[PDB]
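**Student:** Generate the whole structure from the sequences, applying the supplied hints.
Number of protein chains: 4
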Amino acid sequence: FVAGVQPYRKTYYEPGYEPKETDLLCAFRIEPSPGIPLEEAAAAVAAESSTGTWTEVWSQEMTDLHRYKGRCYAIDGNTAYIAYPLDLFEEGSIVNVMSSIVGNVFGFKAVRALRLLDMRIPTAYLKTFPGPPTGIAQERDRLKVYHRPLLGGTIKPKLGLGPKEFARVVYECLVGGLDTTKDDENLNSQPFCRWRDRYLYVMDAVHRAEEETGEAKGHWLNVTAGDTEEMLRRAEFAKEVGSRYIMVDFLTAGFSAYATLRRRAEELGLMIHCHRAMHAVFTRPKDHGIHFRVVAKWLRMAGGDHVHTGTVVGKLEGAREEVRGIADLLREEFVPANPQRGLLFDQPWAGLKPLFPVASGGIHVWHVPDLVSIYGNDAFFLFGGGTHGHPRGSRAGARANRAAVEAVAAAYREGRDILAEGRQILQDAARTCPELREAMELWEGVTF
Amino acid sequence: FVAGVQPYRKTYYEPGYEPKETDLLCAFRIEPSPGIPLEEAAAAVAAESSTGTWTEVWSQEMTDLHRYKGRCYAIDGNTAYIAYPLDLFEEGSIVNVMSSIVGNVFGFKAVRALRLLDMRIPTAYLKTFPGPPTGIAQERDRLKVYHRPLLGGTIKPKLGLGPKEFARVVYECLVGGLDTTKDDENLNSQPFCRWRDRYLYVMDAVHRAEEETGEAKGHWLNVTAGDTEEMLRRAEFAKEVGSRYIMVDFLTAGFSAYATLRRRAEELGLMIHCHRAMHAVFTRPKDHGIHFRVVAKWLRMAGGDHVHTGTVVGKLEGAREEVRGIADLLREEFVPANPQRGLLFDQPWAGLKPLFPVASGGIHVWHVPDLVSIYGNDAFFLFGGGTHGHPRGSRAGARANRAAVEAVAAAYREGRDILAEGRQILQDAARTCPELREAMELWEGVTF
Amino acid sequence: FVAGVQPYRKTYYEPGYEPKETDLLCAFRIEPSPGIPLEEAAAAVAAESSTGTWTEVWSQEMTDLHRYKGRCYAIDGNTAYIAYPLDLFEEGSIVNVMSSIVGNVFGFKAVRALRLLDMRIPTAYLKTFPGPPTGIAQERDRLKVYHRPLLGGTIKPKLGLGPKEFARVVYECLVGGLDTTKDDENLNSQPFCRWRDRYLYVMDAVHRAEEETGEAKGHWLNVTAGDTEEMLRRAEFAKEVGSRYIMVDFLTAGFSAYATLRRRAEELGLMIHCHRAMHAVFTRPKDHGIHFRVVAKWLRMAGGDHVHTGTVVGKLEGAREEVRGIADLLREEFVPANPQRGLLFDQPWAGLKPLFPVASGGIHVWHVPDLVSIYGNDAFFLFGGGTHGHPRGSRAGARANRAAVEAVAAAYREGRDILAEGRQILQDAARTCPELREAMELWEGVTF
Amino acid sequence: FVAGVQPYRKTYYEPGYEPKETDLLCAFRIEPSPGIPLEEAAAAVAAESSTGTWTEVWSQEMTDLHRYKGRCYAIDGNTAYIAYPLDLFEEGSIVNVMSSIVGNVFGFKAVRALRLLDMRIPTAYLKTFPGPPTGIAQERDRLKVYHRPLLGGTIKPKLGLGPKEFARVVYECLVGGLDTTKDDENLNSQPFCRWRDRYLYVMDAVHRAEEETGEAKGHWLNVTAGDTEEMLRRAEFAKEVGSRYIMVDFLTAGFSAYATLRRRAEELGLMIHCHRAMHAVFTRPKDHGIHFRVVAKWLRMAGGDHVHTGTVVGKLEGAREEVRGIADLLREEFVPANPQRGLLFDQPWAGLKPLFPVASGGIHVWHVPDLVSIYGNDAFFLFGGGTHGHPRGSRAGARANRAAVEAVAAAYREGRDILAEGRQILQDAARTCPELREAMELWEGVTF
Ligand SMILES: O=C(O)[C@@](O)(COP(=O)(O)O)[C@H](O)[C@H](O)COP(=O)(O)O
Ligand SMILES: O=C(O)[C@@](O)(COP(=O)(O)O)[C@H](O)[C@H](O)COP(=O)(O)O
Ligand SMILES: O=C(O)[C@@](O)(COP(=O)(O)O)[C@H](O)[C@H](O)COP(=O)(O)O
Ligand SMILES: O=C(O)[C@@](O)(COP(=O)(O)O)[C@H](O)[C@H](O)COP(=O)(O)O
Ligand SMILES: [Mg+2]
Ligand SMILES: [Mg+2]
Ligand SMILES: [Mg+2]
Ligand SMILES: [Mg+2]
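Chains as they are written, first to last, in the deposited numbering: chain B, 6 to 453; chain A, 6 to 453; chain C, 6 to 453; chain D, 6 to 453.
Keep in mind the hints are simulated off the structure, nothing from the lab. Worth double-checking, as some hints may not be accurate.
[Said to hold, decoys possible] Calculated from the model, a selection of chain B residues having no Cβ within reach of chain A, i.e. all distances over 10 Å:
1) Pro42
2) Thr58
3) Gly274
[Stated by the list, open to error] Which residues of chain A face chain C? A few of them, derived with a C-beta cut under 10 Å, are:
4) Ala355
5) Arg436
6) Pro439
Note that beta-carbon positions come from the ideal geometry of N, C-alpha and C, so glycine has one too.
**Tutor:** Structure below.
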């Protein structure tokens, strides 16, 4: 054992290494600090994510470093590909994967910037995860909604509504045509609206809407809480009050608490909506953080029934091709690499169930064509402000959104170029839907 | 109710608003997108973090918006200060605070970049949190270590060591002079080292070291797991095998799972080490994300006994003044605003216990003076590679680090300018500590 | 440290002290013993309620006395105002507040008499309490009773009725027009009427009355018992038999047992009626004890849905202005100081839900105007003897009371001076309600 | 059934009634309001405590009123004796007894003032209660202290001491000669001293003192909390940390929570100290409230091992003869009526165990004779300020108090008139105890 500092690339840079089908592959966009070669930066990332530290240690003689070390096996431009042995990762733990890959390498002075673009989860590691508990087909059967994007909407204002008024808005939206509604990610339990009262009032509203309309309706009750036990108690109550849906902010709540909640919800027969609050703090920058496709893969492994993926045309940033790739990752059993969409690895899913992409944020009727072009039919379209911001109220807005979604889905099923004929399709739908006409007039030139 | 899109600043920009002592204040560095005024961007952040959406909603007539809305009450340069009413936040839930403040505002197209710099947690909201379960004084009493920084070290290599070899390294480090040791953040339970076997072997080593040295020793067993129940089971086993310490990756595991684990550990009498793995994905960029001082405040509220804060002179990025401010936040009962250190608010702590800052990452004996200058005595100095990378082994490295820390702490207590006389202090210590001399020679010019 | 007895005012009398918004303020009417100055008495009260004892102790050198001590910061007449630091009180514990403020200072020879008039609970301490689980609006929604005082009545005789006869009286009262009924505070479980049989028979009667009338009906089943576990079991059974209401004697049972019961009832979805039995042993005297406004604040913090507040015109002592102040404390989100009503502090409620004042005790139809003047619509009017003492039976008495309450509430909503036109309103109601006429004739000159 | 208001004395005043051995007898000092005869006031008290209301009710025809009604069977001066049938009271429930006897009769306008002086608990009702779990003899055997009053002391200052300093004071007191120590009634769990840390540190101190002195030592850890479950958890922890003692504020916490805690402590083998905080709010006034002898009877029924009874010569009000009567009630198996001591009934105890009277509050060495005269040997003498206020510290004060207690107990056992020779006995003890001499000099003229 030779004590002292040695370059990482001496051991953790293996350009000739051929990744094994069982290896976990990570793509890192690296901006090294001045004086640090890109190869050295990639080797440092691999070493400090898998086995290495800043200096040689005698203890390395007590284990097979070459069997366990992560190594950079390729560098294309600024993108370094690193392979990690399967044995490095705890089975069925997204937490361990994050602590390894994105644990400390992002804070190293040697790298000015570091972004995790894509991850290749091996089938062997995937088999250790449960996947979504319900799936797209089972959810559609539960809601009896087919050949159409599923409509929804966040109840607004985000905060300040009492349980009675909140449930009144929920009932208006559901009777107006929305398939589901949801609590806002920040609405968990507050003095103005405690979670028990909100659950009771909202489920009364949901049952009334189901009886009146005759269609399956639900509300994504937010069980997010400051402790896992409270989240489990809230999910149990949601099941008690008759809810078929719950929602959780898995990133803020955490992947461990989310795994516990997913197990409990599968036991309870509840569908889990996954809100990605706080993702943009590390998914937005193009030079640093984690691309949301990786988070989508992690969530699919952890077992979400729906997850937010982006609107592209909405108020929140999102790239069209990246969103298409994320939707394919969430919905397909095998996603081949697509450099245009940012997918740098062929990603099998080992039979893990698909989940619903959710489009939410500053989307109104005029955005329905584009959304259907991006997502097709197997997706959730959430209209919060587009529903309640209708001049005639939430019921009219829900009716307008339902009409627009149905018309665009019918055109898409017919093979029409919805991207080019979207305005005509919406106008034709509005000819018989005054609510749709009013919504189109109100938000004609509203763009982000 | 007037349907349509209105500027956020019309309602959510209130420059004349005077924050209440009960309000929660957030400072945001905002880089607005072209064509978006800074006032409009700040108002959008406040609205979409508290109550507002992209368009007016009739439901606003059902609640007092001005009582609940968050508003930007000041804009200095690119830093906008936003006040949130206390009633907006669920009691004792960091998850709700994150879902509100950093939920969706970071992904808005209107803002090119958004960074949460500082947060003013009101005393009323602080009283709803438990705080650290042990505290600095109680931990020192348990370890019987006073008037000296507490030594530690991550066992290396990060992965690949079996339980027997891992415990052998632990025993060598503890007998050499380290007060504690820890599992690496990515070492939870793997085929090469399962958590049960590691716990048993490591606690045997810790007990042997305690018997031989006669001083209190511990190992920060990592209970991080993919589910909260597994983490609780691992903490219970750690207590069963006689460990007085556990560690968890609270960010990757989550704040809800962390709160559950903290409650269970306080019940079990275990001290919790908090590893901030994955923080750099959103704390490093200067234009986007969350500054780690906010995360430190959140962790202190959630009840960590120690938390990593930075080395400044180590291998991971960290600013000296920011680290000093974070240490004051973690250790003081009241931290006045300090623009030099980035503290933009006076932060009371409502009697919440202080916790130990931890300095780890590419630090060896030569960095001990600076560290003591930055942190003083109430801190943990972690030497992973500095211990095992010693030429004569982990025991010699631990002895050298203990000697350096003791000498520098003695000089600091004597009022000497350790920053200027650090090399002389280390040389004088090495005159009687050959291990310290060897460590100094090996890493003389090693800088980051 | 100087051993020996020193005057309290030397340390615990700080006239220049400015109370902090986080401090807990107590107003004490003090009658000092001969030879004891009022300042000395107030200082003694503060010292022996917060930190001090009868003589100096060396241990005071081990803590910051000035940071933790309670101090008298003002003396107006015989009323001394004492400020206690927030850190002195355990979070979410009325028991600790009582043990501090009213623990031992009332038995001191130095003070001939001591009465706790008002307390200023800070918002920070309030946020640590749950508040009422249901609230006025939610309770009205559950009962579907709006714009009207809610009618009720204690079943009489207090004791000696079997479950069958008790339930028969309950059914007659509920079908006659009473919204709810209740067990007497002393009727818990006795050989003549065991609690299980009473619960079963009473819930059968309540369900029959609900079916016949078509209006929501309930009975405040008394779960008060000699142990907390028995109270929890009785509440669970009450939920099992379909009751939406339970009642407990929180003072006799205790605030700790009451807190446990409130948690369990919120879990069970039960509304809790709070009976203030044994309050008059320390709330009646004008020179000694605790004013009931303080107990009302404590109960609102502890989370009662309704609490008895007084009748003024009934058989039990009560001041009109004090009762108005107590009602405002129980029902308002912020109660400004009102010397006329005895409110010496501005009392925020930090979003804690309001609860229902209950007027009970020697009140018949003729007292309905005054009651509505005192309480308005958001209150419960309990007619025990006024219902069963009707010549034609409990059903006729309930009908008469309902008619009187409805007529007076309609007049009040119309802006009529119910205090001056109450007799005319009752006569006009009786023109179409023979039961009301009989009740008015029977109790025309019955006054207390 | 004749509807209308009738005088109470017509039915509830039965001067010729002969109380049955199974009846529960209450003595009430009554000050009737002007125009209300004393007989009418006593009848009203009986009626509204047992079965009656303000007017006749038809439901009385459904039960045997004369079998269940409470009746005033004698009026001597202003003291009315009322008999209540045994069947009126729930078995083993002090809460029900309080809700009946002292429920609402104290707030009646008909009575200007009402005080419950004494109660005759029948043997049949007593057999339904558990009594103290340990008893005087068992406690003495556990402590191995015989033929001597047991010494103790409240740790001062009441609040503001941390766990380490608190335990240091505890250790000094215990090693100095105190048999036990206790937390103050208001010290439960606070930011400055959390209950877990206090329990751990205090039990370490207690074990160290036991090892050093060789005598049994204990600390009355305060388990009082805002909920019964928290109190049970704290008692369980106290047992876990090795404590043989716990203390609870039974009045503030409540008799139901106290009964639950007593059951759990008997299961755990813990001795319960009963603090009577808040008693003086209703036991001090001579014209209104409840005399503490009744509360002492209730506590003995509920099963306390020790209870505070008064000092007479201390800082808190207390009558010598009343305190002697209370001590006899707590310690004797049968207490005959004693008008001089205020005992108006012969009180059997049906084999219920005796408990320890506790003398606390402004008592120093000079008060030891009087105390021994009042209580004898079977009592606890608590010196809070008398221990820590010693010039040389808590250890010296504890030594002085132990010396004084031992000397006075030896003189009492010898038949000496300790009341007349107390100063000589203390001086003779001080001839060989410099700490006692210093304590006597410091507090020579300190009187209350
Ligand atoms: O808070 C909001 O902004 C929303 O309720 C949308 O409301 P509106 O429909 O009224 O705009 C959604 O949570 C987001 O759009 C963010 O989802 P994500 O970023 O995960 O796509
Ligand atoms: O994995 C590592 O790099 C370490 O074990 C250090 O090992 P060495 O001492 O051998 O360098 C620590 O986890 C970090 O330094 C990160 O802590 P943080 O970023 O929270 O400060
Ligand atoms: O026992 C009673 O006297 C009552 O049932 C009233 O019966 P009636 O309606 O037949 O008089 C009520 O408990 C009280 O009036 C006391 O309530 P509070 O003192 O809390 O106001
Ligand atoms: O707080 C106090 O005053 C004490 O700790 C005494 O301290 P000192 O010995 O230092 O005076 C005791 O609780 C009381 O005397 C009241 O007991 P009670 O009224 O039940 O007799
Ligand atoms: Mg949302
Ligand atoms: Mg590490
Ligand atoms: Mg009653
Ligand atoms: Mg005390």
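**Student:** Determine for every hint whether it applies to the structure shown.
**Tutor:** Taking the hints in turn, this is what the structure says about them:
| no. | hint | in the structure |
| --- | --- | --- |
| 1 | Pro42 | 16 Å, holds |
| 2 | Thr58 | 4 Å, violated |
| 3 | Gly274 | 19 Å, holds |
| 4 | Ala355 | 7 Å, holds |
| 5 | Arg436 | 41 Å, violated |
| 6 | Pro439 | 44 Å, violated |
In the structure shown, a violation is registered for the earlier hints numbered 2, 5, 6, in ascending order.
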